[PDB]
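Visitor: Below are the chains, spelled out letter by letter.
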Amino acid sequence: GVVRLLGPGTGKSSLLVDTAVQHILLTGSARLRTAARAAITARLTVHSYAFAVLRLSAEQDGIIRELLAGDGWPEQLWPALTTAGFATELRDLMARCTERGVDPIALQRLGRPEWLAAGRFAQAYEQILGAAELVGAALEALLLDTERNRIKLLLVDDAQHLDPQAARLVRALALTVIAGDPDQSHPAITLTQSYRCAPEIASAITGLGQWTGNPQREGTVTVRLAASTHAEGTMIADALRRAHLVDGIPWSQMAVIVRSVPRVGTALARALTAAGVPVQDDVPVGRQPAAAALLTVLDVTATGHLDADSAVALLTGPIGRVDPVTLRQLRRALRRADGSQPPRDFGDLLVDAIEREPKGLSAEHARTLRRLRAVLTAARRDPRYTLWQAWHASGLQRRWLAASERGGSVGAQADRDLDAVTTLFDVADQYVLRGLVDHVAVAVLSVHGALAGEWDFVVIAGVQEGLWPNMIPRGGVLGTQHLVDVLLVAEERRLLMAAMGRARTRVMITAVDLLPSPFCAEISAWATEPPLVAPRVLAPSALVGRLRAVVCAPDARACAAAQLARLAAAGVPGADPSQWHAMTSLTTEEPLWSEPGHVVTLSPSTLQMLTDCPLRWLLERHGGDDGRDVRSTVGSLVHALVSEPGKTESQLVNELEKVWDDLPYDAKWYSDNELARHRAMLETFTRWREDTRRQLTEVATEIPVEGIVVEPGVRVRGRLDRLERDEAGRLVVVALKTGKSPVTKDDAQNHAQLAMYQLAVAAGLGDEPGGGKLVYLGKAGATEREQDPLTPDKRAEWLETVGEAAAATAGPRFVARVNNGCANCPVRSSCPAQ
Amino acid sequence: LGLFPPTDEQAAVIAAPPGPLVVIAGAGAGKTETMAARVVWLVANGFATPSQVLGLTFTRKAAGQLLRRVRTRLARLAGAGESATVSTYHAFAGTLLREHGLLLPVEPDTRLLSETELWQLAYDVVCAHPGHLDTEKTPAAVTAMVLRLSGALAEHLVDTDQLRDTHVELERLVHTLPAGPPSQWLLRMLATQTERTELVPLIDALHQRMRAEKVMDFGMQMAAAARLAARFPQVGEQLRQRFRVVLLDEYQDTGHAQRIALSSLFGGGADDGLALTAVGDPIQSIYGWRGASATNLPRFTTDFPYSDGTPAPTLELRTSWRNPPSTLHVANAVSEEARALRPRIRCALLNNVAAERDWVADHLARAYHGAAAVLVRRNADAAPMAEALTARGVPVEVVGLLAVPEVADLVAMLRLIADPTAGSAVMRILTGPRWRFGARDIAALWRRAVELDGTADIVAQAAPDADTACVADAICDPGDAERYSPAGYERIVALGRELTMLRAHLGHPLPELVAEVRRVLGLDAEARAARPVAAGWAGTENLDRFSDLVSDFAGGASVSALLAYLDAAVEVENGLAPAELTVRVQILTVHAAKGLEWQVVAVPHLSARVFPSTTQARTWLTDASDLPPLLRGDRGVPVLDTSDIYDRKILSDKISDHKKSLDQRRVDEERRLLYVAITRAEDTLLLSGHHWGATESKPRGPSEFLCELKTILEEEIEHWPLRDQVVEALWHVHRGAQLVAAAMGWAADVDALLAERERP
DNA sequence: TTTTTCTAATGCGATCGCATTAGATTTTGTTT
Ligand SMILES: Nc1ncnc2c1ncn2[C@@H]1O[C@H](COP(=O)(O)OP(=O)(O)NP(=O)(O)O)[C@@H](O)[C@H]1O
Ligand code: SF4
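Protein chains in written order, with the numbering used here: chain A, 86 to 919; chain B, 3 to 762.
Read the hints as simulated data drawn from the structure, not as lab findings.
Treat the hints loosely; a few may be bogus.
Not the full set, but computed from the structure, chain A residues with beta-carbon under 10 Å of chain B [to be verified]: (1) 119; (2) 431; (3) 660.
To list a few chain B residues with every Cβ distance to chain A over 12 Å, as calculated [said to hold, decoys possible]: (4) 290; (5) 313; (6) 617; (7) 633.
From the three backbone atoms N, C-alpha and C, an ideal C-beta is built for every residue, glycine too.
All chains, please: the whole structure from these sequences, using the hints.
Guide: In structure tokens:
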């Protein structure tokens, strides 16, 4: 005959095995049938059945895309045809008619001109199988006298979700138990004994319906609203942590059921691993960094020799691994042997150490070159006869097998190594050397994967009004959903009923307040407060932060300090007052020098800087500076060309254009507009020098200055740019600058750089104060700011400024004034004045 | 049936028949209370369902507060006898392009580019342009003109080919004309207009790369959504069959791309059975530089007609509920000569900036301690006026994620790992509250770092492989332990062994390294110990949301990316995330206070050249990226005629007078910032203005405002060589650590956490 | 050791060009 047994958990698939033994099967999933024989061989599908009856996806995806390109469309869709987002709306129209058995001619009876063109495209696709029309073809193939007699018992076991073209592959063979469960989408058998739900949980479900419960269960249903998305993700990781640790139900008994895992369930699994709670857990194979370590050795072997940029990627990878501060120790110890005065690149020097043997200096950096020689000898002396040969000749893979044992950081890192290393071996055997390279815990999950789990504790997250009733419309161009029903709030309410059915111990429904949906208020009348803005946690780095917050505050202090005493006795980093941040001490608090015969050494370019802020001086000098700043090394290439005494005007321009190509500019339209801007900055010099050659006379160019300005006695060290000699015997001072914006005349005579050069001209190293110029190459001619000759009174007014400032570099606790240069300083984030 | 009686002036907006309708909602009259009482009347009296309702606002804050009064007044409508859809403007066009997106063929897979990642994509189409730009400027200064024309062509719907022929028929009126008396300045006007047409092939290679990657902008959304409605008249047909009552809020800020999208769809003369209501006042239209449409309040009534030629009606709805008199007599006189709203001050002038802050810190501390908000135009200006009020004793809430001292110690120390040449993020580490180095041990690491270290050779440095004597390889090789102190050598060795471990976790996946550095640091335990007990357990809000931006980004190289991405966010975005509080005196700006109310309101700095902000103002004839008004939409913005000029004394007199009309019009956008500041009061009001500034050599007086408000209050306290004060700082826990040291429902947790620690 | 913005004004003098420079270098949302 044909019998049927139409609630959650009520003993249906367990009853179908008792009939399947007492006389001595169809599940619908390749995972559900694994456990289905685990209950049969302990007592003792559809899409895999119609395949054998017809025996006795991206390849499919490209076929629609190619025929759309060559092609009775209504001519409004003619721009859309060359796209790749029209080949998915058209693919899913032919899929929602194959599940319902509609001929391509049968769609043409429905016409609405848009469906008639799909009705012509579908019969054009037959003339040119898949995993969708497999059941629909075995029904069209149908032997049935031999087939139906071969079977003594038919057990379909799951008919609540089963397509109508699959409903007539069973009914053709219609022994014949038709089990089903008619709510959560012939003699009749009903069931009421839940067998898998508490009477508090079962009354929550059937309250929403407008079957009894297991009386041996103890259950509770609760609803908790949070106040922010961050606080909502913490009380979940609280509740999964209270329950395992205080109550005691283990992991792999808890689950977080979400509506849709991209919108919520990916941002929530990050905010829940941080609280110590495990998640059982995607990425390509080419982007896997441990996989492409050894694929480069394939890439090098198929080209005969290793390049420059492809050989540094082996040092920054897992084969021979260097940190970023032992490249800087290799590069200094490889430019010391091949010591050309303009030194080479680092790619061109790295090949000459792998190939031959560098024997000038190597102690520990030779071992990191042997494990690159020995791999690149096994690549020289089927390709998988060399893949494993290159693998084994390295010292690699004997590391992590002696390191996947221990380690919480390297431990999962070593397991993802071999799981990505082995998954690249199996891509090689499926190819069968240039072709192999050219071709290459809590279960958080959705509602449609939450139908095959036991799950004591269940948390339904994200039950808010934006996404649990999806008001997100699904209109389109082709109009699929208007076709799917001619050929919703109440529908999504079943999913919230079919989610709470999987919980036997407890149910937690969680939203935010971003509003509560009108489903959570319908739980409150059957369930057993303001929203939470600051939620309690049970992490050991969460208690020690709160206990320290009350014991350092403007009764509870005596309670908290006893708890921090027992935390510090076993571990818990952050509890001992030897580990607090506000309880550390300075290292020295001793001055920079003593023994008062000491003589400091100034320099005239850092003397306005040292009267402007002394903390700025201590941390730009003595390390701490952002880097190279290419506008400096162009403005110093010009000071070199101008400083030569025997070159003409065309001699200088030709020597700048030859060297300019080695300057790291992006935007090669800007590397040309900065050369023509710096050709004219050499024209402006010789136009100026010949204009004032009648007034001044050169003495020397780029003079080193080193003497004793005062005798703590100061010491002046610098390089004067270009010293001149006036017609009255005086000695003016020229400081050629390459900026655009000149300094004002009110600041042109308090200029602390020129006022130390002419102070060094007086008293030896002449002996007249002379003057001072400041020539701005860049912006009649090049603008110049002038400074007067010195008096015997303004000298002493300036000599006390040098000596008073030079003693502010000695002692500790430097001043930090707020200047006009705060907006352009590197050391700003560690400034106490900010 | 359960509420208050409506006003007689509100009994015409509520009982208005279906059809287009305008409400000129004045200052503080509460256009949300009197709007949910029309969704109810258009349901209880028939005419709709509660699922045929659409409500559109700009911000998402003013959208979530409209669900909470539609849903409330409808649950009490079902008490005596489907939910309405409320969404923003820019999220209503993302919906409109996922359904009908393939007609005008834009992909439905199209990701929305962020402000920071949009800058990352146009910087690389400027640094890879094969040509001869010949522009005095730099890259990273001409890619902020690409992003400001292409954000202003996709806002007036120009299509990039009308811009190529604008420099002609003005460059010939300068040369082909004769004088009446090229002038060397009018050529400089003409230099900027031959600069747009040199960066038209730059912004058109930006659009062709935003289609080979299928990504868009927020202003690119309304460009494609505006065109689709006008081109295909079937989109509006299937939207007037779904929504039968539509609400439009703060419509005075609606631009021009949001105007011909909402006028082709919802009734440009389409269906008279649709009840359509747009609200907003023309007199709080304070933006003007962001959505910029000076129309939409005059050109609404002739734009949404009765479909038979008759224009729509317009309703006054002017009443003030959260506003007392004697603060209306000012605000009606401010907006005079520019129906006056009717109901249902202490002016001053000091001669020092630092002492005028004492005057407002008197009243803000005398009425607080006797038993309020300060509206400052510039945020940078707001910071100083929080220490002059902290010393008085009033708690202060002034309203950058990358400048938070727990995130900024995690951006750095993630930069010492990657590149040991950023030296400015080594002094952040060595001088911070962990391992406090002294001055003598910093200056002895630098001597170690030097001892480890011609035109053809100067260019040899400043190469990418150049050896520069950095500090961070004197940590990993400090030398001999006789240069440091015995306390300062024990920390360098310790620091070295921390970085050698963290640099091996560098080829690992990227959000598993930001959560690994943060554990080695003392973060998430020192971030909560610096939080008061009254907060709760909340300490790590803005440190968790850093790591919900590293893992969104890395869906990552950790050296090439996150250091180029975070540093481009500092300049371009000035902080990726602000981070909200639990939520005193609020010292918010004048743009962040649109829609709020307080008790005592202080508008502190009404000096000249400060509130009006006349300085740093430019128009279309002195910069390239400013879109001339011949083709600009809503062309207000008066355009020079160019056709009545036959002498050079005529031309440069048109230009020098059109340059005053386009700047008179920016003084008019200032008086609308008084009116959106004065009326935010509910009680007494504090107006003031200094005389001597802060960094001048010549004083600036009061503005045109403070010289006018003295004549308004009189027809009023009589409060009517700068400075050389230089701020500088020399470079409980000790009480609390006595208790924890001398000791050796919180107690049940510690006994539970030790059940996992003492059990393998 | 020494180095690095740009605009639009505000005054000059033989109207308008060349020069100095003194004031600043705004405010700020909008999808999944
Ligand atoms: N008499 C019983 N003896 C033992 N276990 C029982 C009994 N009655 C019910 N159960 C349990 O109840 C569960 C039966 O699951 P089952 O009825 O197959 O699930 P379902 O909710 O009907 N879904 P499905 O199996 O896909 O049809 C198992 O965990 C059984 O152990
Ligand atoms: S911000 Fe001020 S104190 Fe700090 S380095 Fe710069 S000038 Fe010196």
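Visitor: Hint by hint, say whether it matches the structure.
Guide: Hint check results:
Nearest Cβ of chain B to the Cβ of residue 119 of chain A: about 31 Å, over the 10 Å cut. The hint is violated. Interface restraint check for residue 431 of chain A: the shortest CB-CB distance to chain B comes to about 5 Å, inside 10 Å, so the restraint holds. At its closest, the beta carbon of residue 660 of chain A sits 8 Å from a beta carbon of chain B; the interface hint therefore holds under the 10 Å criterion. Its beta-carbon lying about 29 Å from the closest one in chain A, residue 290 of chain B satisfies the requirement of being farther than 12 Å from that chain.
Its beta-carbon lying about 33 Å from the closest one in chain A, residue 313 of chain B satisfies the requirement of being farther than 12 Å from that chain. Its beta-carbon lying about 18 Å from the closest one in chain A, residue 617 of chain B satisfies the requirement of being farther than 12 Å from that chain. Taking the minimum C-beta to C-beta distance to chain A, about 27 Å, the non-interface status of residue 633 of chain B holds against the 12 Å cut.
Checked against the numbered hints above, the structure breaks only hint 1 and satisfies the rest.
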